[PDB]
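One chain comes next, on its own, written as structure tokens: the form deposited without the ligand.
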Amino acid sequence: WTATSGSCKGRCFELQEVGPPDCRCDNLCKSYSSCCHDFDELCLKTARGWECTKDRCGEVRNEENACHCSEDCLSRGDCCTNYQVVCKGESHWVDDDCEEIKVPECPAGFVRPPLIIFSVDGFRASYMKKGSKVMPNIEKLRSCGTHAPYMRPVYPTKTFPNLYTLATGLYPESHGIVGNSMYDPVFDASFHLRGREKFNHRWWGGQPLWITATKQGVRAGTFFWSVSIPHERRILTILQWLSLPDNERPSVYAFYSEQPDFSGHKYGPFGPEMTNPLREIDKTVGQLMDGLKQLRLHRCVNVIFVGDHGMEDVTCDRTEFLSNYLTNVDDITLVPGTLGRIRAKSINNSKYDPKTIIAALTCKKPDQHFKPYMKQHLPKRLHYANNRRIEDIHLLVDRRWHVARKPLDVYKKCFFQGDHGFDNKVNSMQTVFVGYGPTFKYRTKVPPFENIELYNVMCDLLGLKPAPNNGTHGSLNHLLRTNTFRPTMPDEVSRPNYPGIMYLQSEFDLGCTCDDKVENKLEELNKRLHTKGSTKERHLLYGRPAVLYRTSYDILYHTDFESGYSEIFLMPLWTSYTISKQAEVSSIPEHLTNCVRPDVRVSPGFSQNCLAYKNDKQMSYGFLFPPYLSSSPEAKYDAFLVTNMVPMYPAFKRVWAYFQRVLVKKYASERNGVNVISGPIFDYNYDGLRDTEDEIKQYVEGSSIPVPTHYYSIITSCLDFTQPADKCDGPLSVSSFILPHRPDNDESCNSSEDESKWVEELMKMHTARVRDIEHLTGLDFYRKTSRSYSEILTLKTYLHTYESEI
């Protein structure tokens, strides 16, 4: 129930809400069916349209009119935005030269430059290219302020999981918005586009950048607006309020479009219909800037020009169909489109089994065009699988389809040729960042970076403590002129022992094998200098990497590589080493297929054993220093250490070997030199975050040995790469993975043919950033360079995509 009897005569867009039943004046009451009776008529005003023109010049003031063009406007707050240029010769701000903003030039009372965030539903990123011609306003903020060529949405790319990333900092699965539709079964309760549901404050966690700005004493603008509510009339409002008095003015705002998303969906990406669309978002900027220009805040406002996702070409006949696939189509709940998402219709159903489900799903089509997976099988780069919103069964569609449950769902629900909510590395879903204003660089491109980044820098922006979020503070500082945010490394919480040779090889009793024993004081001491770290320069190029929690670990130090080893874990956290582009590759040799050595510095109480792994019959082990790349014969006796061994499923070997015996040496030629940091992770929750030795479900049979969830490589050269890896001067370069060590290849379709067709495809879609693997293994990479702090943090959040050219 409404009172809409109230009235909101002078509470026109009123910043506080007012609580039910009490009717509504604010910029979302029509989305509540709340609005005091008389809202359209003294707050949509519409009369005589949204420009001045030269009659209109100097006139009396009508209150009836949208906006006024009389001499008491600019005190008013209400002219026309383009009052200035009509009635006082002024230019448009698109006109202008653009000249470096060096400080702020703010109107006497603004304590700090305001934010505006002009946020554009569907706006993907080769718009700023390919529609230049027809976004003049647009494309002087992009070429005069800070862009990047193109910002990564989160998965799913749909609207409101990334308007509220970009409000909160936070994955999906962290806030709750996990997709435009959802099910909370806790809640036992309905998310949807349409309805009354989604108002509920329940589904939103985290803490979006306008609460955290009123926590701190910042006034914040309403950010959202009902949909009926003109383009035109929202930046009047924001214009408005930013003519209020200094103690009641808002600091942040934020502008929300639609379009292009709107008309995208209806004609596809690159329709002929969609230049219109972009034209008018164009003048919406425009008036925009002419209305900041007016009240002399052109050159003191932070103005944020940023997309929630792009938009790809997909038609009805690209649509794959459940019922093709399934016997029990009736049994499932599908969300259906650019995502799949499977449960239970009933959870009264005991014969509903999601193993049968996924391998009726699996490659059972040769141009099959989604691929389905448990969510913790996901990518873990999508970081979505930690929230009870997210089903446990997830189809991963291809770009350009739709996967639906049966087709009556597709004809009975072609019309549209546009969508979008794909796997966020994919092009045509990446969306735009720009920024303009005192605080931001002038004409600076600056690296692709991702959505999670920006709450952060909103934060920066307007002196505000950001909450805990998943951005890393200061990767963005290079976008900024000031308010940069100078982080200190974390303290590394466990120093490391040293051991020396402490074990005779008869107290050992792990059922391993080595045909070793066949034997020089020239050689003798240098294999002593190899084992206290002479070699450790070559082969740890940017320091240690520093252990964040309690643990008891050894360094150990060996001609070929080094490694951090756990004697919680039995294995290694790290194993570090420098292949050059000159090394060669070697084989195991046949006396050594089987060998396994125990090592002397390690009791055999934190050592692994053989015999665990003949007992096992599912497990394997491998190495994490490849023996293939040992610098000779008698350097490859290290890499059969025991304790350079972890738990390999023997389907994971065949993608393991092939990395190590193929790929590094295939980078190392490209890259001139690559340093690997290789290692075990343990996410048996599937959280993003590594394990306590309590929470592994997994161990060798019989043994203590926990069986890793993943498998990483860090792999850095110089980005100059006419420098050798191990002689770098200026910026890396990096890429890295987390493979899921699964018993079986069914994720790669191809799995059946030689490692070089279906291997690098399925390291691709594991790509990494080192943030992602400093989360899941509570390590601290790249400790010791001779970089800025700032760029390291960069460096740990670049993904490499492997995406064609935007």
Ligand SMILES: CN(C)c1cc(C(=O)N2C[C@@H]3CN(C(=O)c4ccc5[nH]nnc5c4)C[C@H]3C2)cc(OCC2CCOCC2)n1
The other form holds:
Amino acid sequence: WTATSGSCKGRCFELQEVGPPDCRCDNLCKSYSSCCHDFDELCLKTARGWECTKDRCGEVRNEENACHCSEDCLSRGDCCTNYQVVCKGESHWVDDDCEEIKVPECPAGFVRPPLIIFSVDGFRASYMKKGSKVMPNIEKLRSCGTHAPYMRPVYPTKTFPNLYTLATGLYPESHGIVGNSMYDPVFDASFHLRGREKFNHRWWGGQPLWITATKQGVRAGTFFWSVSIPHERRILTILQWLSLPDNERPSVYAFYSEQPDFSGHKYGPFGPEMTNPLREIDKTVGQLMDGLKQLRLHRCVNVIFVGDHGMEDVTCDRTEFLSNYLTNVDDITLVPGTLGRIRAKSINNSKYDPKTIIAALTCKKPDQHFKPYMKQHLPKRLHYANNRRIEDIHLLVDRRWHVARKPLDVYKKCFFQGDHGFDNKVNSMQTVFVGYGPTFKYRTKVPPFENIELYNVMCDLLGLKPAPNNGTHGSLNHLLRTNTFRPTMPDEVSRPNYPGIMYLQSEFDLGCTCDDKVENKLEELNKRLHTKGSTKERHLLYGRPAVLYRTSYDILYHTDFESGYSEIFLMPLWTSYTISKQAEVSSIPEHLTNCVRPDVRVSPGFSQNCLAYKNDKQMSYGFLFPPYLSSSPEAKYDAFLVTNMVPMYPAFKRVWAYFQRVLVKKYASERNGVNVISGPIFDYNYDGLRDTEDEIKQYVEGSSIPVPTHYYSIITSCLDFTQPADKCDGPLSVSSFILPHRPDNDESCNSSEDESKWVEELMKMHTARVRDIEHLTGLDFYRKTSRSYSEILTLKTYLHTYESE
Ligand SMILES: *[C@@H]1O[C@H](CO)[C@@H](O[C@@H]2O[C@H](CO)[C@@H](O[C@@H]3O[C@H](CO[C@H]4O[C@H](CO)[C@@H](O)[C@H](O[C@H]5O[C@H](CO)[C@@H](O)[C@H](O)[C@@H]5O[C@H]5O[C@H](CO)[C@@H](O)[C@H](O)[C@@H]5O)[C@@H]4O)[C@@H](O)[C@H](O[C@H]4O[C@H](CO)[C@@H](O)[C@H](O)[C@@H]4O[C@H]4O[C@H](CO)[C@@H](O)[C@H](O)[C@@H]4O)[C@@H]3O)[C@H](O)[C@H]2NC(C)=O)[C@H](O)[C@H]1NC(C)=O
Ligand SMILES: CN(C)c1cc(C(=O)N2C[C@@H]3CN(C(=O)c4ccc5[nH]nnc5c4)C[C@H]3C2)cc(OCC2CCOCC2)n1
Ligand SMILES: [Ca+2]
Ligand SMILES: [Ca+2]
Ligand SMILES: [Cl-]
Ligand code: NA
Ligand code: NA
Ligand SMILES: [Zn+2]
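Given the form deposited without the ligand, corresponding form deposited with the ligand bound:
Entire complex below, previous chain first.
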């Protein structure tokens, strides 16, 4: 109940919300059915429209008008945005040449440059080029300020998950808004776009920018606008707020546009009907900038133009139906569309089986347009698992397609020609970022970056301390003229041991054998230098990784590779080696096929054993440094040390062997040498964070050898490929992957074929950032380079996408 019989006189677009049943006059009251009786009359004036004409200049102030052209309007803060242009011979902002804004030029009383966040729904990255002729204001912001060629949304590339990621710097799994539609089993409650449940504060985790500002005594404009409030009225309201006295004035403001998303759904991303919505958005930008210029704020305010996600061509006829695969379709609930999430229809049904549903959905039709996953098996780059609201069974849908339960769902809900939600690496889903103002750089391009990074920068722009989030603070410093945040490298927590020869061969009873009893002092000092680290500067190019948690580990040197060997996990945390362009690939000699050798620097008690692999009928083993890339027949024996061995399912050894035998050399030849760091990952609770010992759900049978959930590699070389990886004088180039360690290759529908037809495609799907691996391992890479730390932070957030132009 709201007693809607109070008044909005003098309260129009008030900043503090009032508590029911008192009637509201804020920009959200409509959405709550709670506005005072006179809200439209007083607060939503429309008389005479939004522009001054010649004949209104100097007019007598008529309060009924939407905006004013009277003499007193500038000091009242309520002129039409084109007032000075029409009535005072001023130019439109877009017609002025751009001049660098070296320092903020603010009216007295301003303590900091305000921030205006202009968000556009469904604004695909390529609109910046393809619509440039009809968006002159946006094009001026873009070319005069700082821009990226695109910004990466989070998965799923839906509206609410991305708007709230923008607000919090959090992944949807952490902020809780994991779709436009959700079921929370603990609350037993459902969230949807339409309706009241979504207003309950319990859905919304983390700490969004407006709360962060408020707690730190920076005042915030109310960020959300009722859908019926016209864009012109939003702009005028913001401009009026910017004329409040110093003590009442917000420092941060938000504008949100439903376009071009609304039209893109109807007409597709490049439908000819799309030109008009783009023109209209640009006109709104022009109104804001002309209004700021009137207030002399156009060289004071930092403006961010940002999208939530792109738009892809999708039609009703491109729908896969679960009823074409599953026998018991009525025993499931699907969240449908551009992603799929499946749960049991009834919790009282003990006949329900996820394993059979997955099997019924796996590679069933020659060009099936979705792939099922248990959520813990999704690519780790999506960070889409650690939330009770994310159903165990997930469908990744091909771009341009929909999934539905039954055909009746499509025609008893073609309307739409566009949709979004797909994998966030998909080109059509990428969106836009422009920063313009005193604090942003002038005429500067920056590389694509992820939207999780923006919260930190919005905090920097306002002098705020960000709440803990998933951005990497400092990685977007290169966007900014000043207000940079100067991060320090984390402190190493565990120091390594450097073991020498300490054990005799006969102390080991590991059940391993090697044909290596084949015997010279010229070369005997040599093997010794190599074991003491003589070639370490060749193979460890960026310093050893730092271990950021408490543990016991050994640095082990070899001719061809260096490793950090964990006495707790019984295997390396990391193995580092450099492969030059000239390197040659050799095979494993026949006699050495099953060779595993005791490492006399490491005690039997802290070693794996071959017996466990023999007894374990499911598990085999592989090596982190590959024997194929040994520098000499003698160096090869090092690759067979028990300390270089890791557990691997036979199915996974197909992937791993092909990566090591074929792909490393291919990368080295293409990138002019590569430095490789590989290792195991344990993430049994799928939280994207390093497991402790007590979280490991699986061991090699009859032993304490933990089974990794994933294996990673980080492949670095010189950005200037005319320089070899091991002699690079400047910026680096990286690509990385986190491959799931699976007992089958069900994920790859072509896996019965030669590895050359499917393995590289798998690896590409599982591309990762160095930062993702840091989280999953507790390691810190690139500790000793010649590069600035902010630049290294940028490198660590880079994702190699494998999408064309
Ligand atoms: C991306 O960035 C984010 C943000 O930094 C990272 O997430 C953080 O990671 C931390 C480690 O996982 C986690 O810390 C835990 O916090 C517990 C208290 O949490 C509450 O308070 C905070 C602070 O305001 C709040 O943010 C939390 O919000 C969550 O929960 C509410 C609802 O409950 C949601 O609305 C909200 O969306 C958010 O949910 C998300 O996080 C939770 C986990 O907290 C998930 O379960 C959800 O799915 C969702 O992802 C909370 O309201 C604290 O109690 C924990 O402490 C335990 O463990 C420590 C080890 O240090 C131990 O000392 C303690 O004893 C304790 O154990 C006891 O409790 C156990 C659980 O019941 C029990 O099993 C034991 O036996 C013990 O009794 C812990 O410190 C932090 O909360 C989140 N923050 C956020 C915002 O998610 C994230 O990791 C980053 N991702 C990547 C890939 O890097
Ligand atoms: C509730 N959330 C968080 C939040 C909310 C807003 C906000 O007012 N609305 C009103 C809009 C109504 N609405 C759709 O009707 C809609 C639109 C497109 C769709 N495609 N498919 N279904 C769709 C449904 C979407 C809603 C977002 C705006 C904001 O901005 C957050 C800012 C944070 C800082 O960076 C820029 C954005 N956050
Ligand atoms: Ca949207
Ligand atoms: Ca974990
Ligand atoms: Cl959804
Ligand atoms: Na075995
Ligand atoms: Na297969
Ligand atoms: Zn949409």
